[PDB]
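Got chain L; can you put chains W, X and A with the ligands on it based on the hints?
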Amino acid sequence: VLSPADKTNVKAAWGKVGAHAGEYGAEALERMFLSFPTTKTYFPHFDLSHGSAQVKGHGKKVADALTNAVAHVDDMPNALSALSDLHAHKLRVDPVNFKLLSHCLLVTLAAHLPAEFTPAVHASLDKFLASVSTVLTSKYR
Amino acid sequence: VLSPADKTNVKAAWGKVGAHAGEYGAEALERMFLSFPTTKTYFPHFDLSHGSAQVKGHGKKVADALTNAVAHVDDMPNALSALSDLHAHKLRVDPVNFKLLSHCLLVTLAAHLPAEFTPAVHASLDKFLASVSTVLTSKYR
Amino acid sequence: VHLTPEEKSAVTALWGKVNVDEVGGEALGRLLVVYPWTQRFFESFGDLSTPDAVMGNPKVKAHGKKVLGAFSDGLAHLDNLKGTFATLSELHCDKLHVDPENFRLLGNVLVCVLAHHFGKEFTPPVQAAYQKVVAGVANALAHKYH
Amino acid sequence: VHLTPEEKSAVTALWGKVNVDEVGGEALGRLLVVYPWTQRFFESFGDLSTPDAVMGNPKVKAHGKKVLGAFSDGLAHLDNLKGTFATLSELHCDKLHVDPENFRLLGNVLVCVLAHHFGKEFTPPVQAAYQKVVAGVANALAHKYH
Ligand code: HEM
Ligand code: HEM
Ligand code: HEM
Ligand code: HEM
Ligand SMILES: *Cc1cc(OC)ccc1OCc1cccc(CO)n1
Ligand SMILES: *Cc1cc(OC)ccc1OCc1cccc(CO)n1
Numbered sequence: 001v002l003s004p005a006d007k008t009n010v011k012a013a014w015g016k017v018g019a020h021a022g023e024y025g026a027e028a029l030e031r032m033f034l035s036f037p038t039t040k041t042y043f044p045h046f047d048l049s050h051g052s053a054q055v056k057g058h059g060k061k062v063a064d065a066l067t068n069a070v071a072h073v074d075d076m077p078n079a080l081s082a083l084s085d086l087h088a089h090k091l092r093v094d095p096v097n098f099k100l101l102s103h104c105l106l107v108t109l110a111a112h113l114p115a116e117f118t119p120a121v122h123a124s125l126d127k128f129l130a131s132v133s134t135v136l137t138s139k140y141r
Numbered sequence: 001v002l003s004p005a006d007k008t009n010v011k012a013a014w015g016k017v018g019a020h021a022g023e024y025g026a027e028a029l030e031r032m033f034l035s036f037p038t039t040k041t042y043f044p045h046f047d048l049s050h051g052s053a054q055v056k057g058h059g060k061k062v063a064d065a066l067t068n069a070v071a072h073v074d075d076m077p078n079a080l081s082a083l084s085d086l087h088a089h090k091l092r093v094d095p096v097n098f099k100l101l102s103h104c105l106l107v108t109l110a111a112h113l114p115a116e117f118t119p120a121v122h123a124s125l126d127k128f129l130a131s132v133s134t135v136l137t138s139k140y141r
Numbered sequence: 001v002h003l004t005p006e007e008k009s010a011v012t013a014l015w016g017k018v019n020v021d022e023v024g025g026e027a028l029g030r031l032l033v034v035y036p037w038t039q040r041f042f043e044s045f046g047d048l049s050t051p052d053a054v055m056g057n058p059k060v061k062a063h064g065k066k067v068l069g070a071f072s073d074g075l076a077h078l079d080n081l082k083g084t085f086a087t088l089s090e091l092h093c094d095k096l097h098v099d100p101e102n103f104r105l106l107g108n109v110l111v112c113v114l115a116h117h118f119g120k121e122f123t124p125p126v127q128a129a130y131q132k133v134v135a136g137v138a139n140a141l142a143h144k145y146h
Numbered sequence: 001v002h003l004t005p006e007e008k009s010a011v012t013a014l015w016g017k018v019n020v021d022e023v024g025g026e027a028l029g030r031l032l033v034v035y036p037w038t039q040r041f042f043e044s045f046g047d048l049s050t051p052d053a054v055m056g057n058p059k060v061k062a063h064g065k066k067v068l069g070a071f072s073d074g075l076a077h078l079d080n081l082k083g084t085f086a087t088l089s090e091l092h093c094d095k096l097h098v099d100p101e102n103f104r105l106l107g108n109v110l111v112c113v114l115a116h117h118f119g120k121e122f123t124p125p126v127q128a129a130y131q132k133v134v135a136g137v138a139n140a141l142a143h144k145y146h
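The listed protein sequences correspond, in order, to chains L, W, X and A. Heads up: the first sequence begins at 1 in the numbering used here, then just goes up one per residue. Heads up: the second sequence begins at 1 in the numbering used here, then just goes up one per residue. Heads up: the third sequence begins at 1 in the numbering used here, then just goes up one per residue. Heads up: the fourth sequence begins at 1 in the numbering used here, then just goes up one per residue.
Please keep in mind that the hints were generated in silico from the structure rather than gathered at the bench. Careful: at least some of the hints might be erroneous.
Calculated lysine to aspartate or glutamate pairs in the EDC-like style (CA-CA distance at most 16 Å, straight line) [claimed, not checked]:
id	chain 1	residue 1	chain 2	residue 2
1	X	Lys120	W	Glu23
2	L	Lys40	X	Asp99
3	A	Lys144	A	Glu101
4	W	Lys90	A	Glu43
5	W	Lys90	A	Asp47
6	L	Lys99	X	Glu101
7	W	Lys40	A	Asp99
8	A	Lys61	A	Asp47
9	L	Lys99	A	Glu101
10	W	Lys99	A	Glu101
11	A	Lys8	A	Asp73
12	L	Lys11	L	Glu116
13	X	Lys132	X	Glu6
14	A	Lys144	A	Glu90
15	L	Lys99	X	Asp99
16	W	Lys99	A	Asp47
17	A	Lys59	A	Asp47
Stretch-level coverage of chain X by chain L, calculated; a stretch enters the list once three of its residues show a Cβ under 8 Å from a Cβ in chain L [unchecked claim]:
id	region
18	35-43
19	97-109
Counterexamples of contact, computed for chain W against chain X with all Cβ distances above 12 Å [stated by the list, open to error]:
id	residue
20	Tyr42
21	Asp47
22	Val73
23	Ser81
24	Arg141
Built from N, CA and C at the ideal position, the CB exists for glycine as well.
So that you can see chain L by itself, here it is in the shape it has in the complex:
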């Protein structure tokens, strides 16, 4: 459950990401694949080589989804319904994996936007990603 300050912090920090969302999305995925190799098994037919065009494209997909979630932080279940169908119903992604990607997203943010990554914003972004992960790993249809 996000506080008003959390919502404020998420929107401001993600806004600062701006046009780099796709770039950061891809970096977070690469960090996850390299740091936690087991996560690659969820993408059996992907070209996960470094600099992969496919991973670049997927990073943009992931980033755009988060942008959408940020715009509907008060109505995520409805906004991310289709993504939940995919991750929870079809892929049945183990929730531990969402913690891994959530952590890599934070590492990516901290590596690119140091001035924005304050303890308070860090805390807010963590809750937000945990919230998003909860929605995507739950079957609520």
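Relative to the frame of chain L, chains W, X and A with the ligands by itself:
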């Protein structure tokens, strides 16, 4: 995130508790205190001996809070704000302890309402308690 | 794991009444239903599309029986769970790469199933004793990780 | 005993640039701010009521320095993290009863702090190496639980 089905499953099942609220709530606590001793550290001022009248009374408050949660399943953050202030702001209970109590509540329900504890109902009850747990451990004000 | 002689007797008395044909399958089945992502490890088990499908699945019941048997062996060697589960640990950790938290989940699902089958006979003291056992088994399974 | 020759070189090289008086305090401070329930273990540390209060608390900064010192001890003995943290494991598990999940969280907060300080220098390969270190430190500390 609970589905319309989870909500109806929880209402039907928990609805069977009825006048057994205090009994089941007390039993769930006793099971937690006995199975996971570390949980007792949150109740240093309590008489935690078995049969304890203090535990019996507290068991009733816990059961009644759950009944209230079931009734406000669509707006738990709002309905449980007072309890969140208590468990997340004041007591700062480690979330792992909520998983333990949730497990013990499921055990108590299974031991008393075998007909109600179907696999699907078991799944819903688990998600419901995880949901209540999240609200009680989040600082959203 | 350290079980008082009174706890050992209580645990053993209960376990001797367990339906070895159904308990294991209901535990594994509930695991798959309550934590659906665990289904990803049983691709070849056929139909797991619905709760009834999972619970009645012949392969689920048969595999759950093996799981139950592993717990029975664990109860027979509480003084040496790490060695008893060495083989199984290599399998679940090095090969399958099962996240440790899932071992804990199954252990507790089993506890819920025992509670379901024995009702009031599954008292708080008996449960506490079983919690020590499942924690012990869960730990032993994930030791190849440590 | 895990960890490749190249990962060790990467960890050692980056660590030689880490400010031992700051990073630990920043990591502990953030742990307390991001996962508020951890504040309960530091009741005597004073004001922890706000992010600024936490990050400015001298006791938090001082303790973080000891924590970082321990991480350094581990990095100097990467093949024996179990032994390096044996005593600390007794304290955190037997005495303080800190749930092991918290050890993992501190490890990842440390990683976030390293990323924050090093920026581009904290490359995916460097992070992967560090994930192995913190996972090993976390498991070593939870040893008394195994
Ligand atoms: C912050 C959390 C996450 C977000 C916002 C997210 C978002 C997305 C989006 C936008 C897609 C594209 C859907 C489409 O093709 O229409 C996708 C696909 C996918 N995601 Fe995620 N995801 C998240 C975490 C994860 C995690 C942790 C895993 C597993 C380690 C995962 C596994 C997959 C897979 C396997 C696909 C499908 C790839 C394919 O086309 O074969 N996702 N995700
Ligand atoms: C979702 C499950 C839980 C529910 C619904 C719940 C509900 C409640 C309720 C209704 C009260 C009484 C508040 C009042 O009227 O003043 C309470 C108090 C308390 N709870 Fe919980 N609780 C839950 C989980 C936990 C856990 C996991 C712990 C710790 C292991 C815990 C520790 C406490 C303590 C220490 C008190 C204060 C008792 C006192 O001093 O009077 N609770 N809880
Ligand atoms: C913690 C309690 C557990 C026990 C005691 C247990 C026990 C067993 C046993 C006895 C076997 C058969 C090994 C053989 O015949 O060589 C087995 C296999 C297996 N287990 Fe577990 N298990 C546990 C948890 C898990 C969990 C949590 C998962 C994952 C969600 C899992 C996934 C598997 C898989 C995929 C197999 C292989 C089945 C096949 O394809 O033949 N196990 N387990
Ligand atoms: C995983 C990495 C960790 C390391 C390397 C570490 C290291 C240390 C060290 C070196 C000490 C000083 C021991 C002494 O001289 O008495 C200590 C004390 C302590 N640690 Fe940790 N620790 C870790 C995680 C945690 C976590 C996650 C918590 C709890 C959330 C925690 C809570 C404490 C407490 C309460 C003390 C005693 C503080 C006092 O003196 O009041 N530690 N730790
Ligand atoms: C608020 C929140 C916190 C955590 O842990 C930090 C996990 C999940 C979560 O909420 C997910 C969420 C968001 C919106 C709506 C619903 C259910 O209607 N759940
Ligand atoms: C739906 C749900 C599932 C889990 O399982 C991990 C945890 C938490 C959660 O939802 C919490 C919740 C409930 C109601 C409203 C909100 C935020 O408005 N969060």
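Unsatisfied constraints (hint numbers, rising): 16
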